[PDB]
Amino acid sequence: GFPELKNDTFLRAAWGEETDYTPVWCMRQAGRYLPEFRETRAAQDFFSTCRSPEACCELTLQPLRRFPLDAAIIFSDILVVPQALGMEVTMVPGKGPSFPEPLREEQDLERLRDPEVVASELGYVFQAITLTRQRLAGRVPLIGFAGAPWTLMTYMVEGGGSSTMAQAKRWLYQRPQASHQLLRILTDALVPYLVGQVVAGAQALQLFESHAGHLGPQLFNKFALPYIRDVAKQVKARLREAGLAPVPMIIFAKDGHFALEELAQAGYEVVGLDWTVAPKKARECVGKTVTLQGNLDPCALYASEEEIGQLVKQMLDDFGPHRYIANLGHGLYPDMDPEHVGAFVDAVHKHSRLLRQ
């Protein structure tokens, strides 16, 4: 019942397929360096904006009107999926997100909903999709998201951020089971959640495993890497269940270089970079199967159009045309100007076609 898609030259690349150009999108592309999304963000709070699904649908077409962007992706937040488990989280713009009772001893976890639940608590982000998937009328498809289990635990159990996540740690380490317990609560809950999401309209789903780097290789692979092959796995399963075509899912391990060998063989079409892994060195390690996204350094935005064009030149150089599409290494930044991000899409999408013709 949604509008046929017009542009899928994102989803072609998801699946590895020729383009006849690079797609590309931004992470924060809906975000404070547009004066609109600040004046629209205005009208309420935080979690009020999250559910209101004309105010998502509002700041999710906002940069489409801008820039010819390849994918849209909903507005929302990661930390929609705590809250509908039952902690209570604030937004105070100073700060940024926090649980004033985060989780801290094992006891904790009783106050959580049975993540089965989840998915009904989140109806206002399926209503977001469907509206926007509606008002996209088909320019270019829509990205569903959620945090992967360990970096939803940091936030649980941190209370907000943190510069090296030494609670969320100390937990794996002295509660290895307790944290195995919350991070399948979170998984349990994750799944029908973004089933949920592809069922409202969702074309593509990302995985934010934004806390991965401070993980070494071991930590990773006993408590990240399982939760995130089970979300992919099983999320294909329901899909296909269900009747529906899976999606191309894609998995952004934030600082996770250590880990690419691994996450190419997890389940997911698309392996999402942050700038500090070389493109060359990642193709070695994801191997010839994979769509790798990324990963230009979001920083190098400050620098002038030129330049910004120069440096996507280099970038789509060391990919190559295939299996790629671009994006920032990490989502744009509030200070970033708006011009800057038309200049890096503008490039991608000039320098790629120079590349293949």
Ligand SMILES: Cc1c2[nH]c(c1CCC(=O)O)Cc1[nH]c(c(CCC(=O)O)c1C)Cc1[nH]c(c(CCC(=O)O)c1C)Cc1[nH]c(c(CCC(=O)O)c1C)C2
Given for the second form:
Protein chains: 2
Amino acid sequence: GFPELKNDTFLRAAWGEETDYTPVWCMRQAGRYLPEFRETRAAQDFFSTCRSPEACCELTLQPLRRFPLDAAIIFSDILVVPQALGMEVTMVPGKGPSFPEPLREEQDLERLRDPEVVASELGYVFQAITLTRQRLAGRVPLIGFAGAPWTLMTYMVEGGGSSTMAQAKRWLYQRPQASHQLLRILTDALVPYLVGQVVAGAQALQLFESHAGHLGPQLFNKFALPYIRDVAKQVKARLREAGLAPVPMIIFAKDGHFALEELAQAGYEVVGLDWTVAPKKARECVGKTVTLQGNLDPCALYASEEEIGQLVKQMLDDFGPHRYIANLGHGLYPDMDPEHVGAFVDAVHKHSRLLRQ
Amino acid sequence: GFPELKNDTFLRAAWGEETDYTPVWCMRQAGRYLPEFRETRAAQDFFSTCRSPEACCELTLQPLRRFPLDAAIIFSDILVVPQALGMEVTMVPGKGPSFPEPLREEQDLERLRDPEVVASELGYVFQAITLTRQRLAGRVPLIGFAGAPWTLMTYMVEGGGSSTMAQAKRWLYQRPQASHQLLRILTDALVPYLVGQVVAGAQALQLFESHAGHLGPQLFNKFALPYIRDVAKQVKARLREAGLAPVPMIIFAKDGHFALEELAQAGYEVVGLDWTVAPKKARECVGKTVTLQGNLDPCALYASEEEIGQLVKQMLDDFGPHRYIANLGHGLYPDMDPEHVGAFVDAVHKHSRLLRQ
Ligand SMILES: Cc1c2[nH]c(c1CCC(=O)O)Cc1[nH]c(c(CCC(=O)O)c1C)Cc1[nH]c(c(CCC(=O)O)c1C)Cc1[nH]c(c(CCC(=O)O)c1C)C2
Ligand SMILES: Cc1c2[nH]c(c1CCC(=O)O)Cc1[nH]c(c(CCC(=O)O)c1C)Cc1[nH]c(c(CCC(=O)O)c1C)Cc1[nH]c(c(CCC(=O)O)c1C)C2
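Return one more block: the form solved in complex with coproporphyrinogen I, after the form deposited without coproporphyrinogen I shown previously.
What follows is the entire complex, opening with the chain shown before.
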């Protein structure tokens, strides 16, 4: 196996244990805001980068050379799963991901792979994880991840990003049967993939329901939540059955304010929050038995270093010291200053210690 | 290729030929004792400096603008090799180099790169060498370098400097198999790196066995010397096979008094000496068929310029005019006066000429 973990603060917090300080990581900590990321990425197309264990390992490590983050997240993408299901996907400059042949009718499901063979198609991800776990040498825990079923469905049907998800929601209302079929295919692909990430060396798992906020409560409960629940249940079961230690699982439903109570009951150790939910309100919705992660407005990092410190102070005061992992409320943007990211990390560490003594 | 070499005194001496005067260079001639070095270094972290061909070229050239040294040594560091093997390394203010995750058990070797890919990771070094060779414009020869296997092993296991090397020596005594494995990985990384330095423009190579003195004869013969021999043999072989002219190779084993006889038989043109060995004794140990380099106590440069001249006279008298390159017995210290370094250089040149006519 692997080097002994030296800083386990993130894991202890995820499981709800007291720690000496609040651990912090940043969504998209490996990203274009780092000049060195841009340089490493310049050599290959995006999905080819994802296919290279050494390139993924390098990108994962880059933020940790700059900042004393309490976790690493593997460099990959949520869209590797629809790709592995047999959909062609491109990264378009300045526009983002595109599926040139999205799913538009129920007959389109015929082209997908059997979900049970998807993990075998994602071996490159597992290779990256194993390599990164070795190279991290126990410094901090490594997080694996995937997209939640609904969020992946939206990319597969919309063919990319969308402001309304009108085509994907039209499936939910006009094609409910075919939608449940597709959501089950995705769940069945995700479970062995997530399990494989842990087998390969992942020490925690985060499921990104990035497109939660388009649904609202009734649709979310019918078409998103049952699959979010199934992923966590099945992953923990398969890990037990394999003789392995289950890992803490995080559910992040961006713009999912309306689902917080349900998500705290969905079998995830940690519930991630966007910046629109006030920390004290979130604590009320989720209760005392899950850990919260988040939730600073990423745009706050445009403020001066001093201002970032005061915003971080306020955030930490509102969350309190227990059952909390600090992060942004969404990923870092490409135009952010790495020094200001550094200021965020330093302020969490400094103030969370003051809030304990 | 490159400009014709104008002053080849250093090379002629290294190969054991008569020269009109004794050539001189100073270990760490690019260093903090120069105000202009401090200024150039202020802009980046140490390893980032090493990654910049222009910064390395500038640092290499700086001492040559002050002093008529008979060789330049490329600005780099021995620890680029363990870094290129996949270990993370930092420079800590006032403390020096640190590996936050040193090798402590045999399983830790799993995280290292295959040694055959290391040279590709060190392309930046070769870029610096090529640039510096061009910019030197034939003034004097350019020396490339690396750390010897044992010395690199000590940094990788200790995680930095050490007064005893107790952890690294514990490997030798308790983990001899794993030690030989690691020493072979390092040798196999070093050879293509050294060859690449010559391909890139290096005109001589120096291998630094800085931590020799901790071993004593039995351990040195089992764990240091075989790899010192292998590096020289394999480097010269690969250069021949590539159609290239082999370069003079220097072995400097600090505090290696006990190994001098063996080092003179290890396939290096030049044996470097620390200041604790009396020049006449060294000549006795090594014989008449290698060149000696050294060996003035760097602290002697704290003495007045007149005193430096007399100490240099005595040193040159003891070494004699043949098969000798003047240098210090260790690197220049940060608090030394550049004018006194100038006095050393001038005295070697002046007195070595008097000792011939
Ligand atoms: C976890 C993760 C993701 N992407 C990347 C990582 C690796 C971790 C890290 O980079 O630190 C690399 C990762 N992936 C991508 C990038 C940008 C790369 C580049 O510009 O070179 C990076 C750093 C490409 C990408 N990939 C994706 C998009 C968004 C498309 C849209 O506008 O709707 C984009 C732009 C799909 C994607 N990918 C991801 C999400 C979840 C968003 C959330 O809820 O926080 C989504 C929706 C998650
Ligand atoms: C050949 C060389 C070295 N370092 C440097 C050079 C470039 C040549 C030149 O600077 O003139 C730059 C070079 N490298 C460094 C510096 C200091 C830079 C600074 O303070 O800004 C310089 C000038 C950083 C460094 N790098 C290292 C240390 C020592 C750690 C310890 O205490 O054990 C240090 C302090 C590792 C190192 N590096 C080196 C050795 C061999 C020592 C010997 O036997 O003579 C070693 C052991 C060799």
